[PDB]
Amino acid sequence: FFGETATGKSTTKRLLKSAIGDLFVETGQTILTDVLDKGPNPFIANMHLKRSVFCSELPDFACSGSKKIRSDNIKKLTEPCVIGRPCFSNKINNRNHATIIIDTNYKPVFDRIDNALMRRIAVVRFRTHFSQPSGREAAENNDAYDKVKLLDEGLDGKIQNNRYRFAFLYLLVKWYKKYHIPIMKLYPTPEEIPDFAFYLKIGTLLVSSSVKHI
Amino acid sequence: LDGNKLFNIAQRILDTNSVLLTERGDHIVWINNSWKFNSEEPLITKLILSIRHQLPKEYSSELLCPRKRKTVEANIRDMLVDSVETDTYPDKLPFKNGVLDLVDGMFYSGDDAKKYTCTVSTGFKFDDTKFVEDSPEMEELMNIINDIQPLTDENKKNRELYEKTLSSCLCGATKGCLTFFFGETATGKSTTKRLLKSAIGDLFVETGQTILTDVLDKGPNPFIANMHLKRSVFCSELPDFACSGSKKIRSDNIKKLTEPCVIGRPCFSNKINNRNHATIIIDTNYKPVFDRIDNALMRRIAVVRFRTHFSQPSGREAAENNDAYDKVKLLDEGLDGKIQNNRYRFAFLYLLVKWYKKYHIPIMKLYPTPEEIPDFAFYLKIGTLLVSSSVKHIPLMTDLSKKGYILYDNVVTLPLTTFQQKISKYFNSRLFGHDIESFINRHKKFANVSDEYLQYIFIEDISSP
Amino acid sequence: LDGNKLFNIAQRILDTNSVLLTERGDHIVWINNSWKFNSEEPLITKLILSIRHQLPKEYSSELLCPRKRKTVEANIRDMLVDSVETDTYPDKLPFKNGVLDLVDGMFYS
Amino acid sequence: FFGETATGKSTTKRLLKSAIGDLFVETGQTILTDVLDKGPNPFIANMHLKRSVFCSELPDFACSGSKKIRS
DNA sequence: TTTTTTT
Ligand SMILES: Nc1ncnc2c1ncn2[C@@H]1O[C@H](COP(=O)(O)OP(=O)(O)OP(=O)(O)O)[C@@H](O)[C@H]1O
Ligand SMILES: Nc1ncnc2c1ncn2[C@@H]1O[C@H](COP(=O)(O)OP(=O)(O)OP(=O)(O)O)[C@@H](O)[C@H]1O
Ligand SMILES: [Mg+2]
Ligand SMILES: [Mg+2]
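Protein sequence lines correspond, in order, to chains E, A, P and G.
Residue numbering for the first sequence follows PDB author numbering, starting at 501 and increasing by one per position.
Residue numbering for the second sequence follows PDB author numbering, starting at 321 and increasing by one per position.
Residue numbering for the third sequence follows PDB author numbering, starting at 321 and increasing by one per position.
Residue numbering for the fourth sequence follows PDB author numbering, starting at 501 and increasing by one per position.
It cannot be assumed that every hint is accurate.
Here are the in silico distance ranges between beta carbons for each label pair [what the hints assert, rightly or not]:
(1) A:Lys607 / G:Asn541: 28 to 36 Å
(2) A:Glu459 / G:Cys555: 52 to 60 Å
(3) E:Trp675 / A:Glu360: 42 to 50 Å
Pairs of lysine-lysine, DSBU-like flavour, derived with a Cα cap of 35 Å [unchecked claim]:
(4) A:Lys591 / G:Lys513
(5) A:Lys517 / P:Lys356
(6) A:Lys658 / P:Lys416
(7) G:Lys568 / A:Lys538
(8) A:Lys685 / A:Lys567
(9) A:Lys388 / E:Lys591
(10) E:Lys538 / G:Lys538
(11) E:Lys591 / A:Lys450
(12) P:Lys388 / A:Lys390
(13) E:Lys568 / A:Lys567
(14) G:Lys513 / A:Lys568
(15) A:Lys517 / E:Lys575
(16) E:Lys509 / P:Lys356
(17) A:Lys388 / P:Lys377
(18) A:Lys649 / E:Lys575
(19) A:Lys591 / E:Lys591
(20) A:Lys435 / G:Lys517
(21) A:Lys712 / G:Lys509
(22) P:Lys325 / A:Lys390
(23) E:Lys517 / P:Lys356
(24) G:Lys538 / G:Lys509
(25) E:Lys568 / E:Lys591
(26) P:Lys390 / A:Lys591
(27) E:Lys591 / A:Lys567
(28) A:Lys647 / E:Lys701
(29) A:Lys390 / P:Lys356
(30) P:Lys356 / A:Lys356
(31) A:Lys517 / E:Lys685
(32) P:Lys412 / A:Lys450
(33) P:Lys388 / E:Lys591
(34) A:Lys513 / A:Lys658
(35) P:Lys356 / E:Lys658
(36) A:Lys325 / P:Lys325
(37) G:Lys513 / A:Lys575
(38) G:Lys567 / A:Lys701
(39) A:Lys607 / E:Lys567
(40) P:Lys416 / E:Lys517
To be clear, the hints were calculated from the coordinates, so they are not data collected in a lab.
In this text, a Cβ means the ideal position worked out from N, Cα and C, and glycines have one as well.
Go ahead and model the full structure; you've got the sequences and the hints to work with.
The structure is reproduced here in structure tokens:
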């Protein structure tokens, strides 16, 4: 979930949480930046049999000393069984049923880039701003916003009371019927992240040597 | 003469040989035509309740009360004072309701399967109806296998090695080397892994990479503990070592994994010894590297190459240009669903049985292939081409001085200038200059202030001119 | 010649397929149209107390005392020897009091 | 035991192991260069009441960076 | 370059 400040990603997360109850779970950034199988890792353990996992507030990697995202973690986070150990336990097999969503303000940075990682990334953008009456004019001069609206202060509390729970559940069911009825599958979108585009364009400009060129 | 009734009941239970004590201190029971052991479950009480029927009619009423069952369990645990050995037959396959003999193909059940003390099982019942050679599912499986590994004159050796490695997982002996599944994206390694897991049931296991990077004797380690008495161990997604921060695979762990017994302890249990009966498969798209190189290390490494790409219809043209692929086919989007529902379990079992009956019946052994690792290639090239000196070179001493090997201090002394000129004209400098410098600085010696030497005579110089 | 009353009660409880054993080693019970499991709570005793009503009236009085419930739980634990697999349907949404079928939208309780 | 390869060292080791049964034990060269007071050391408990401790396949001291076997 | 975890 990539976008600027005050674009509604958090509201979407809260709506989904209120809709799907405790099947939703939020987990820190350790799972993307360290070894999962060393020592007790309750963050991995709590991911067992969950249906949606959220990781939020990705730091900017331009800052010095900030560790980058590891490719092996992403590869390990897509197979049906993820190896992890709870505290005071020895079971090391967890069933992976969860859709993993990350809320970030900056583009991700990976240490190593290859096709295998390239086929496991999708990005959706938010380009609307919910501002205050005072800051209405300032937002008009930003290219990161395609629309500007007025903030609603009392909306958040209404979400806390589960006012839009069953309506959102019905909408989700309708969307699931619309899309995933034949078969469920997710399609990568590598043409968004910049370095991926560099890899694509460098790949398409060369052809491997063969006997036909002799 | 009629003493304690519970003692007599326990004696009768012990007389049928259904409870046994292992060497390391485990109790194994015989329930539902299978040997089971579980330290967190009251298996002895379950066995007592189950075999209550076989006892005379005057004992079931006593056995119905749980306290009497506890007393009988205590008596039984007290009587037995001897250990036994288990899993002494490497050519048997244990199932949930019997044991299959891989030699004759006959399937045993009941007491016949009891004589072989197999403490692990595939976890599912063996069905003879589906264990047939002619079936549409078998044809589909054969087509898929041919698609993944085409049978050609170029791929015949690779396919033979692949078949041997896959069939090795059935036997319960100790394997001398592990196998690397190397390939590109969407090549079929995961499909093979899932098919093997579905075929062999509970005998399959997957663990983390910590076994190849960290020590094993420090503290409890359930990852090693779960490996005990397993038939196949799988690990995946080895990180690229080109980037900084990657940790090399320690050869000490590789040496320790090739031993019949392995150290490691679970939580809240003082069980430190485990039997190594498993074939280790590491699948990755990056060739591994190691800190140290020696003959004993590359004598236990094998590599299998996957070179068939299953791509999207839109990506067929792009994949065709890439040289890493030899065949580009379509992308079946329903294969994973069928595999997960065990649509090819018994067909794969039959195919593996045939492969075992074609390769491993005379003798089980695995042969390493150290000619594919880039790190081992340079060291092997030294070993084949560059040889050291010995006392047998005394008759050649005159020619040795002619080329430069002076017998200072009763040892050959070839100047490093001549030696580096030789290696530069033979060993290409640009490819492995750093490795050549490491060779020079490793076994460096000086005869005197201006006679720096290495006691290695290149093979055209060992030949008498 | 009927034997232990508690054993008969435990057999009757087991015959309803309300408690099952999972391959991970935890027992799952069926209370209030839901499957529950917890490694730190005695769910078996809760099941025994809750489903006491449907049993014949000569057994509820026995089921009142906690010691009898503990003995019945011991019998039930002794009788369970098999394992089953859970969560094999990827298109059902489970709630606190039923399961919703995503294919049709029908709700089963 | 210093000598050429395939000179019978492995044969003698196997003969000694078969002669003394479980009294034989094999340990790596790490303890020869590592600190024995740090961390758990089940190896130190291993050669207790033993009769033969074998350290074989020693690293090449010629290799740069190899840890010297502390006296 | 150990601490917590584990008994
Ligand atoms: N449709 C809407 N109309 C009015 N106000 C809205 C609307 N959607 C969201 N808001 C409000 O606008 C504010 C900004 O939303 P929010 O904080 O979720 O944005 P964000 O970009 O996800 O933020 P961050 O990434 O910093 O968490 C919130 O107070 C939210 O309640
Ligand atoms: N014979 C076949 N025909 C068509 N599709 C196939 C065939 N065999 C396998 N596939 C499909 O190929 C897809 C990719 O295979 P798989 O995931 O095993 O590749 P991989 O190279 O091991 O992947 P990665 O290394 O990225 O994990 C699977 O979804 C599977 O359905
Ligand atoms: Mg927000
Ligand atoms: Mg794969």
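Here's how the hints hold up against the structure:
1. Our hint of 28 to 36 Å for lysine 607 of chain A and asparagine 541 of chain G holds, since their Cβ atoms are close to 35 Å apart.
2. Separated by about 57 Å at the C-beta atoms, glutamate 459 of chain A and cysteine 555 of chain G satisfy the suggested range of 52 to 60 Å.
3. Remark: the range hint 42 to 50 Å for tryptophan 675 of chain E to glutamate 360 of chain A is upheld by a beta-carbon distance near 44 Å.
4. Our distance criterion of 35 Å between C-alpha atoms is met by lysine 591 of chain A and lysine 513 of chain G, whose separation comes to about 29 Å.
5. Between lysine 517 of chain A and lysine 356 of chain P the CA atoms are separated by roughly 29 Å; this keeps the pair inside 35 Å, and the hint holds.
6. Pair hint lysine 658 of chain A plus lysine 416 of chain P holds up; C-alpha atoms about 31 Å apart against a cutoff of 35 Å.
7. With a C-alpha separation of about 23 Å, the suggested pairing of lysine 568 of chain G with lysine 538 of chain A holds against the 35 Å cut-off.
8. Simply put, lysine 685 of chain A and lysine 567 of chain A have alpha-carbon atoms about 31 Å apart, close enough for the 35 Å limit, and the pair holds.
9. Restraint check for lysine 388 of chain A and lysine 591 of chain E: satisfied, since their Cα atoms lie roughly 34 Å apart, inside the 35 Å limit.
10. Distance hint between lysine 538 of chain E and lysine 538 of chain G is fulfilled; the C-alpha atoms sit about 20 Å from each other, no more than 35 Å.
11. Taking the CA atoms of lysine 591 of chain E and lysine 450 of chain A, the gap is about 33 Å. The hint holds against a cut of 35 Å.
12. Distance hint between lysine 388 of chain P and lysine 390 of chain A is fulfilled; the C-alpha atoms sit about 17 Å from each other, no more than 35 Å.
13. For the hint linking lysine 568 of chain E to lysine 567 of chain A, the alpha-carbon distance of about 16 Å falls within 35 Å, and the restraint holds.
14. Of the pairs offered as hints, the one joining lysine 513 of chain G and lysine 568 of chain A holds, with about 31 Å between alpha carbons and a cut-off of 35 Å not exceeded.
15. Distance check on the hinted pair: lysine 517 of chain A and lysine 575 of chain E sit about 19 Å apart at the alpha-carbon level, within 35 Å; holds.
16. Simply put, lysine 509 of chain E and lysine 356 of chain P have alpha-carbon atoms about 33 Å apart, close enough for the 35 Å limit, and the pair holds.
17. With a C-alpha separation of about 28 Å, the suggested pair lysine 388 of chain A and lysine 377 of chain P falls inside the 35 Å cut-off, and the hint holds.
18. Using a Cα cut-off of 35 Å, the hinted pair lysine 649 of chain A and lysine 575 of chain E holds, with the two alpha carbons roughly 24 Å apart.
19. Among the hinted pairs, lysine 591 of chain A with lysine 591 of chain E is consistent with the structure: their alpha-carbon atoms are about 16 Å apart, no more than 35 Å.
20. For the suggested pair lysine 435 of chain A and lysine 517 of chain G, the alpha carbons sit about 32 Å apart, so the restraint of at most 35 Å is met.
21. For the proposed pair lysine 712 of chain A and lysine 509 of chain G, the alpha carbon gap of about 22 Å is at most 35 Å, so the pair holds.
22. Between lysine 325 of chain P and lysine 390 of chain A the CA atoms are separated by roughly 19 Å; this keeps the pair inside 35 Å, and the hint holds.
23. Proposed proximity of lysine 517 of chain E and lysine 356 of chain P is supported: the alpha carbons are some 21 Å apart, at most 35 Å.
24. Taking the CA atoms of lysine 538 of chain G and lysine 509 of chain G, the gap is about 33 Å. The hint holds against a cut of 35 Å.
25. At most 35 Å may separate the alpha-carbon atoms for a hinted pair to count; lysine 568 of chain E and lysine 591 of chain E meet this at roughly 29 Å.
26. Using a Cα cut-off of 35 Å, the hinted pair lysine 390 of chain P and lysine 591 of chain A holds, with the two alpha carbons roughly 32 Å apart.
27. Pair hint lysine 591 of chain E plus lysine 567 of chain A holds up; C-alpha atoms about 26 Å apart against a cutoff of 35 Å.
28. For the proposed pair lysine 647 of chain A and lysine 701 of chain E, the alpha carbon gap of about 23 Å is at most 35 Å, so the pair holds.
29. Distance hint between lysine 390 of chain A and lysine 356 of chain P is fulfilled; the C-alpha atoms sit about 29 Å from each other, no more than 35 Å.
30. For the proposed pair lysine 356 of chain P and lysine 356 of chain A, the alpha carbon gap of about 27 Å is at most 35 Å, so the pair holds.
31. At roughly 23 Å between alpha-carbon atoms, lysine 517 of chain A and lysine 685 of chain E fall within 35 Å of each other, so this suggested pair holds.
32. About 31 Å separates the Cα atoms of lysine 412 of chain P and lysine 450 of chain A, which keeps this hinted pair within 35 Å; it holds.
33. A threshold of 35 Å between alpha carbons decides the hint, and for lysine 388 of chain P with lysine 591 of chain E the separation of about 33 Å falls inside it, so the pair holds.
34. Distance hint between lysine 513 of chain A and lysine 658 of chain A is fulfilled; the C-alpha atoms sit about 14 Å from each other, no more than 35 Å.
35. Distance check on the hinted pair: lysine 356 of chain P and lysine 658 of chain E sit about 31 Å apart at the alpha-carbon level, within 35 Å; holds.
36. Distance hint between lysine 325 of chain A and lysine 325 of chain P is fulfilled; the C-alpha atoms sit about 22 Å from each other, no more than 35 Å.
37. For a cut-off of 35 Å, the pair hint linking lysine 513 of chain G to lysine 575 of chain A stands: about 18 Å separates their Cα positions.
38. Pair hint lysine 567 of chain G plus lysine 701 of chain A holds up; C-alpha atoms about 27 Å apart against a cutoff of 35 Å.
39. In summary, the hint linking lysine 607 of chain A to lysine 567 of chain E is supported, as the alpha carbons are separated by about 24 Å, within the 35 Å threshold.
40. This hinted pair checks out: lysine 416 of chain P and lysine 517 of chain E have alpha carbons roughly 16 Å apart, not beyond 35 Å.
Checked against the numbered hints given earlier, this structure breaks none of them.
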